[PDB]
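Shown next as structure tokens: one chain only, the form deposited without 8-anilino-1-naphthalene sulfonate.
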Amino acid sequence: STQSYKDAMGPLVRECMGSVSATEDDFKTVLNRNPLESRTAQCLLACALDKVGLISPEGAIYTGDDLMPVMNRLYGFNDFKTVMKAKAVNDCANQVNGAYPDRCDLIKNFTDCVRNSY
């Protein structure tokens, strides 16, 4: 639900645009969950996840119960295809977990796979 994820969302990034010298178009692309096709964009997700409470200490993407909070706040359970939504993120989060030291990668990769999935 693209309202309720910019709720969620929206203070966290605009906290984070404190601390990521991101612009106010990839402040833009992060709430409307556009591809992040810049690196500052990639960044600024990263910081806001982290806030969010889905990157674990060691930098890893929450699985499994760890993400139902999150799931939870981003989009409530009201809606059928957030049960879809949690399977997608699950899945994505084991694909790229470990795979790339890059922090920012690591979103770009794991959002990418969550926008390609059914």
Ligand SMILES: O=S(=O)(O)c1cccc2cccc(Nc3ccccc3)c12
Contents of the next structure:
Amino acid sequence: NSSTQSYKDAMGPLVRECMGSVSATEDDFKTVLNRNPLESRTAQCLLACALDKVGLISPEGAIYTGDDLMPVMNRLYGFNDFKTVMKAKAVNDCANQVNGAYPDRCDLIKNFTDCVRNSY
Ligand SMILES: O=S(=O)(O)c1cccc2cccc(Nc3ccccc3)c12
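Rather than the form deposited without 8-anilino-1-naphthalene sulfonate that you just supplied, could I have the structure of the form deposited with 8-anilino-1-naphthalene sulfonate bound?
Complete assembly follows, chain above in first position.
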């Protein structure tokens, strides 16, 4: 497990809906809910679908940055935890780092999530 209950509360319903449009396993559901490394391509695609639903992805398939991140951070985590809120900097930087670089949508999300995980 690598996620808070807040993350699961926000993402769970979306990931569930995504199971209907992505050919992912029940283990993949757990991987994604737990914010674990997305080893399987199915898990990468499952999160990609849910992050689109949560408002993190632009119409053009880019990960949002700056102000456009804030509604997502609020939905996932609220604003009461200093460490989590400050992590928005790493999320913004990682989004800038990966955007444009991965034509495959699931690859974009694998690399995004890895970058965020590697960030202190
Ligand atoms: O979760 S954190 O890295 O704490 C995070 C912290 C603060 C704001 C965030 C905004 C969007 C996505 C995140 N993360 C995320 C990470 C992996 C998969 C899906 C979303 C944000």
